[PDB]
Structures are given as C-alpha cells and as structure tokens.
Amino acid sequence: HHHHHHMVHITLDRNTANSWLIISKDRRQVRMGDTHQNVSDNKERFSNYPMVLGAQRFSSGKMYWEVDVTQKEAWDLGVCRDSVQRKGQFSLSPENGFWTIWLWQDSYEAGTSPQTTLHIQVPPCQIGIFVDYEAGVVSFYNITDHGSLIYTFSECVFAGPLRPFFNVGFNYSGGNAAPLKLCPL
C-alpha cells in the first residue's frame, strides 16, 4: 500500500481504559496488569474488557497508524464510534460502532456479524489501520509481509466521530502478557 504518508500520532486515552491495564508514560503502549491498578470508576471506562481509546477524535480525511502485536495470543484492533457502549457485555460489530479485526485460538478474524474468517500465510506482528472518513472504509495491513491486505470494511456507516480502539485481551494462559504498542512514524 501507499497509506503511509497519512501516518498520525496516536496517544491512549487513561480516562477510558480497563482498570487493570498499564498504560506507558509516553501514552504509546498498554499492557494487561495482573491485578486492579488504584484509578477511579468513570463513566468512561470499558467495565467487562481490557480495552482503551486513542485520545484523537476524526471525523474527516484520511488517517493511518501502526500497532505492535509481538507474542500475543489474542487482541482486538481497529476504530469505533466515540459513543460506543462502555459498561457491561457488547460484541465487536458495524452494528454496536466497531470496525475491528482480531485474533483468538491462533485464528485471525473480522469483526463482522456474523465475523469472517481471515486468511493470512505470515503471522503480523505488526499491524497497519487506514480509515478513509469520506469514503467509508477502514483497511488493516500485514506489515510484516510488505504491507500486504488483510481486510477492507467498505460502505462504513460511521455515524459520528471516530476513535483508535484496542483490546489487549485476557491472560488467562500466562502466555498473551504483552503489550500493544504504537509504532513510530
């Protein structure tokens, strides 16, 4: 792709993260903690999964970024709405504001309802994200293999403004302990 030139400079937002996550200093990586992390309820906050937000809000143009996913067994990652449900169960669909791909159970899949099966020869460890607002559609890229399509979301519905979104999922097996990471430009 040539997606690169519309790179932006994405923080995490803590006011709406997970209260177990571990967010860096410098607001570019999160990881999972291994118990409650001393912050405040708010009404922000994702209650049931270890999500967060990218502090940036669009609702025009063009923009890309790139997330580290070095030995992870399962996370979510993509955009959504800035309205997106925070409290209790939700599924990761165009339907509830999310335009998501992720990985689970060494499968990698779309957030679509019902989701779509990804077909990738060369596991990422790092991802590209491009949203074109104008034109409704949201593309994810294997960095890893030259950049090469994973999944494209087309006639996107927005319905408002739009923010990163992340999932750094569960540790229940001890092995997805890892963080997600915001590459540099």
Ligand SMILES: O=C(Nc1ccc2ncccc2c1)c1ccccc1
Second form
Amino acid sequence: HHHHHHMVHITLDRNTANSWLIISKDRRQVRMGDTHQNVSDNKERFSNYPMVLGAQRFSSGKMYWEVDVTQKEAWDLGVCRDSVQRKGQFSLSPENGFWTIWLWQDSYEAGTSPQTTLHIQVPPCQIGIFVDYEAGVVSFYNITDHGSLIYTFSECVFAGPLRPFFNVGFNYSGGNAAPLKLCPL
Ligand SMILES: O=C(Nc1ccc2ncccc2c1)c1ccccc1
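Condition change, the form deposited without the ligand to the form deposited with the ligand bound:
So here's everything in the complex, that chain up top.
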C-alpha cells in the first residue's frame, strides 16, 4: 500500500468507553482495568464488552491510522457506524454497522456474517486501517510485514458517519492485559 499520506490523528472518546476501560491522558492508549473505573453510566457507553470509539467522525474522504496490538491474545479493530447499538449483546457484522477484523484463540478472522478466516504468515504487532468513504472500502494492512494486505471490505453500506472502533478484549487468562495503542504518524 501507499496510504500513509491520508494519515489522521485518532484519539479515544472516554464517554463511549466501557466502564472497566482505562484511557491514557493523551487519549492514545486503552487497556482493561481490574475493576469498574469509578465513572458514571451514560447512553454512549458499550455495556457488555471492552469497547471504545474514536472521537473523530468521518462522512467523506480517505482516512488511515495504525494500532499496536503487541502481546495481546484477543482484540477487535476497525470502524463502525456512529449509530451502532451500545447496550446488550450483539455480533460484529456489516449488517449491525461494523467493519472489523479480530484475533481470537490463535486465529485471525474478518467480521463478516458468518466470519471469514484470514491467512496471515507474520503475526502482526501493528495494524493499519484504511477507509475510503466514497469508494465504500475498509482495508487492513500488516505493518510488521511491510504493509501486506490482510483484508478488504468492499461495496460497504456505511449509511452514516463512521467512528474508529476498538475492543481490547477480556483478560480471563491473565495474558491479555496489554493496551491497544494508536501509533504516531
Ligand atoms: O458473541 C457475541 N458477541 C460478542 C461481542 C463482543 C465480544 N467481546 C468480547 C468477548 C466476547 C464477545 C462476544 C454474540 C452476541 C449476540 C449474538 C451472537 C453472538
């Protein structure tokens, strides 16, 4: 890819975070806390899962950002509609307003319905996410492997403004405490 020059400075939106998450002062890192984080409930917060949105909203143009996933066992990354469900249980699918990939139990999968197996030779430490709003495209790149393509969603029905989407995952195992980090441009 040659997508870096549509680089956008993403920050995390505290108000959207599940109440167990800890967002750094610079709003560029998020991790799972060991307890509910002494914040009020609000209608924006994801209730059931360790999810948070970026502050930025996109309705046009090309956008690119990078996320560090070093030492994590489980995570979801991508973009979602501003209008996605926040409360209760749901699946990650384009029908529900999500364009995502994830790591789960040593397999990488794209959040189609049903999910799609990914073929990655070099487990990634940093992921690039590219959105072309007008083209209807969301693409994922393996920064650890010279920017190699991971997956492309095409003909996307964004149906409204988009937000960067993050899930740090649970830490039942004790092996998934590490943060997601937005990488410098
Ligand atoms: O399994 C389901 N959703 C999720 C979503 C996010 C998760 N994040 C961390 C851990 C588990 C998660 C599970 C689901 C929900 C409804 C109907 C069918 C399936």
